[PDB]
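Only one chain is included here, represented as structure tokens and corresponding to the form deposited in one PDB entry.
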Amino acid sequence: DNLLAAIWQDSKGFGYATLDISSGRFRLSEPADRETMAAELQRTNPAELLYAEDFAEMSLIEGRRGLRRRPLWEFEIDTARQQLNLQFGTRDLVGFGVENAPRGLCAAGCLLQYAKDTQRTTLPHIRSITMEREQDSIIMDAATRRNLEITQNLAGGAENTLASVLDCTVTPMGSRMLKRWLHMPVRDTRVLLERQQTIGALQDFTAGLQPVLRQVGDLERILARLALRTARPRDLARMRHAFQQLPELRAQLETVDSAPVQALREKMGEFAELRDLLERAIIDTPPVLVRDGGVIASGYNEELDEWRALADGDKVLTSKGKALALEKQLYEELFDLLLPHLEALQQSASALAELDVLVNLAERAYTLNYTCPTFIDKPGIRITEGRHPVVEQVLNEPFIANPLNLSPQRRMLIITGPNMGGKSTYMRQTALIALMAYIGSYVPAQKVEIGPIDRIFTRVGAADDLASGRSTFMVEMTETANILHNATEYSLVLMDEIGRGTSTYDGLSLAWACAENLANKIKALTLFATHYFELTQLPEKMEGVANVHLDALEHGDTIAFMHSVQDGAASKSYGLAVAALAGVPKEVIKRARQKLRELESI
């Protein structure tokens, strides 16, 4: 095991660290539950452990191999961050991906000092610090989500995003569930296979189910208000309308014969007794607030009916007061009867929302020509006639579908092409198709075979935060470092250009070394967009690397782009022709061509 470990506790949560003497592997965790920390302690099974002198719960580490105690001064975050930065030779640890874990870094600082004391031999072999996560959801960094425009576009607007194309859900609860599914894509095949079977099964009956689902409305807010006992009289009537709607939905789903569809039908429930209580107890159109009165319906309580009669044909005003008090007590009693079934109702609201998201996904699939994706065991992506989900909808002109094949035999493709050729659209189409397959939706391609994807990494933007202290090359190099350090054989790494900030020679050199490292050692599935044609000579030298070229045809001054992926290198990017289309003055384009001839000639 050869594993040295550290543990920390504070108000925010628990922090943990691991260091392997044999492999120089340094990792940190921030498990926020006592039980999770206990499971993590067993799963790590560390040879030695270090804990705070004032650790609150020693029971988690009560019996451990070579358990030891070190002082609080060693655990301080500011001292720990400086030592870690110096050991790795980095200004900040944002590149390693561990900068935002305060508790994890504090435990790591104690382990680094202890590790140096126990052996100075391992110290030169410690070069990185990474978080530990085998989370079911595919891991996506904040930058990848904004770059892929999963829910919010780069400007910050709701439109032109993947969620805008797929979010036509009838009910507000459904729209929230789809957005949550897009942000966390489940990697377990069994849950996705159940969702895909429901989407195909309910495809025929989407028109019958959606009107009834729209009537149900948002039940999540009504049920949460019921839990705090602040539900309005009108909100209880809304719940009664959904109870009346549930028999209709169940009858429609009964004809369908899919095990996932039938399970969702049972979870929805009928709640006939709750419907009977609400119908008898509440008037057809109840008032906005319970204070005025008239919420309770006659026949729910005999005494109330009698007091109401006395109130309406000064002593009579006292009888009116008695009636209002009896009514309010009956209303509080109504919450008491409904609340025992609150856990059951919460399961039903989730079941109704899942039906809305899946019925919506099925309608979107028929309208937009999507097809089911078939999962495979080894890490590879194959797409035939693939299209970008967002671009196809917003583009008046036709979309030209491009094929993709990635396997452990052909892991890296260097896409080279003319400017405005479609290289970035092709790389993003792979990322959105992989995420759409992994949420259980139907992919926008004729056929897709998607293998396990641990994490999706997107390096596209080049921006500088001067106040933060990082230039455009440092911001780009920080993202490249996170790709190289945190990448796995399963990861899909999409890199849109590298060395766009430095001189041509330094940039080509980093691009050549980063491309070699991703194919040779990381062995991740990589798509690399490049305007350096020197890198198109990499595929012959290194195995697993192939060249993909987008096609353009030049006639006179103007250029036409095919948008078609073919094998080859391109070797010419028509930058000056794209500049003239952008509107650069003719005299500037003419001078530029004259200089271009001189540079190539010598």
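Positions refer to the first chain, counted from 1. The term rigid core refers to the maximal set of C-alpha atoms that superpose within 1.5 Å between the two forms. Compared with the form deposited in another entry:
Superposition of the core reveals a Cα shift of 2 Å or more for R27 between these two forms. Once both forms are fitted on their core, a CA shift of 2 Å or more is seen for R120 between these two forms. Domain rotation between these two forms, with the chain taken as two rigid parts and C-alpha atoms superposed, amounts to 179 degrees for the smaller part.
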Given for the second form:
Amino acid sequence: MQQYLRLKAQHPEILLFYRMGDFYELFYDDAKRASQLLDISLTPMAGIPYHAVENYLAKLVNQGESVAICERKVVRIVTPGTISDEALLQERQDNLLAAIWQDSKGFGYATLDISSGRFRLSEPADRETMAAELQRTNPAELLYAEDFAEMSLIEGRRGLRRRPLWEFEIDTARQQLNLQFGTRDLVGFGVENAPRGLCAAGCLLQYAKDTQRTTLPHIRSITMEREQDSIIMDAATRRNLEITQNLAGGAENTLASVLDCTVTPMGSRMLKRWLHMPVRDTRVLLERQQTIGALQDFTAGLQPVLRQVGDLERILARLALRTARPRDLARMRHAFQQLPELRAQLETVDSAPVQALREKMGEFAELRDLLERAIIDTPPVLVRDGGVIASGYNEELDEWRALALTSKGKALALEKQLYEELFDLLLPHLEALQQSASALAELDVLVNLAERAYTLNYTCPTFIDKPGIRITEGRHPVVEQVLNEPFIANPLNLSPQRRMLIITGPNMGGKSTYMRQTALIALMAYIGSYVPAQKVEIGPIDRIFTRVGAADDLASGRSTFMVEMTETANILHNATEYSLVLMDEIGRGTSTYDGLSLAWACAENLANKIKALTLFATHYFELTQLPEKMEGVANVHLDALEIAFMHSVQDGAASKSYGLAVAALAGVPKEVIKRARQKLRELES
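Output block for the form deposited in another entry, input the form deposited in one PDB entry:
No partners, no molecules, just the chain.
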């Protein structure tokens, strides 16, 4: 098997499936590794059946192992982060391939999603910023330089690939990006000025082309992300707020669950991206609020029609690579048929953004006519053994079928030839189809947000020039849905005159909920959707900081005081007058004298020098003295009556938080409580 060895030499570290007869067979060391990973029988030869190759590949991709498929040439390389096929891919989640580079100046980062074609680059300078980017992106595959100095960040990620220095060279990168984009200058894209990002991008493009083994028609643009453009949240802040996953790792009880009712899969993925990155620019937000208001009345008619369209973004990418299935094309014909009705309903409503969206969608009538002649309504799964081309598209194919094994073979050859030509006719308009899919996806997200607003009484928010937040009748999006009992509503007022509020309250009195609600409303205003309150006035916000969830991590090697203290440090170092900080009790883990001393100091610094908008929850009642000392801090108290909880914020400072009464509600035995009351009376005495 010298031929296997020579091909293996080309790809030494990647498992190779060699197609012999009807099976793909690994050999030698690869067979041993495969038998352990896929539980196959190690006869050294290990075999995978041709029909179920996708199922096995899915297991290897989850593991992170690259596979090379050989039909002799290697047609393609399948890797985590570079997969276009439906079975490996996830309906409501996306795969990102990333490259990281380190220079003396700083870090360079690039991310490409193969199916959407979205290419983004950035240059994080601090070590901390790179970590936050790595977490939000969650790249499936990371390509890194051999000399990377800090390998602490890269080791956790799955599918790491080590890269040689020559690939990251800047001069080759500028030339390569220019050829694919087709622009002599990257100045129009805006990526020409920053060298480190371009180096990472050149490597990513080179690797992607190598794995795909074909031209990439879909990628036509590159973009740069900057800190001024979006609100910044550290990974700890993101997890505590539970935007897409709860603290225990589950889908339910999340802001996404309340707001995601989208009919199409592409809408769902897009909503999550919008939720993760709040957009600071007021102009895009104003257009979004207006489109939502216009379509609120017509939402019911549009939701059934949109569902039929389905996800087209993925289908277009498969068409670009010429791997599209017969079923994929048929789903597209159905989507085109839905486009005329959508346009008619959209024409009646009159608003400038909505009309533009209607124009972007298009009708593509000529293409639909071609598909209706070209494809049968029920399509056989395999083109290789299928009657996918319908009768009447081609006179010759019909003649061969009527003549009907030479006739069958000729017909089969003709059918495949016609199928390939079909890709060619559809290719000239591929940019137009790609533009439409983006427009339809935006519509689904916007219609869904409108329906939710009507059902749950949401209200549009108003932006202001100075940074401040004012709310009337505020209701938490998640807790209100969960509690059967009526959710009491709490107002909020924050201004440069009153930046900080110290919330002191009885246990189980609603203090944590009030703080989580304020942050969640601000994230919603900046995604441009409606806010659950009677009136919202919101200023500019650069960053959101949350210190609400307490845990100690063994993998981190950190105790609970340590995890809490690390988070306080990030806030003190990176806070800005624009950012909003909400924090829970400080020094809970350690002894009382130390905890009070540390908390008084952190609060004084945040009010006096950082000047950020802040909400502070304290069980230490000495801290209520601090608002008197410093301007810009005020006291607000949640209230409860004995025990029954009012759940309503009032001005003033709470005293005598009750723990023993809460313990009785918990079920602690009465005799234990009786001794405790006696002990407490002694301690106070």
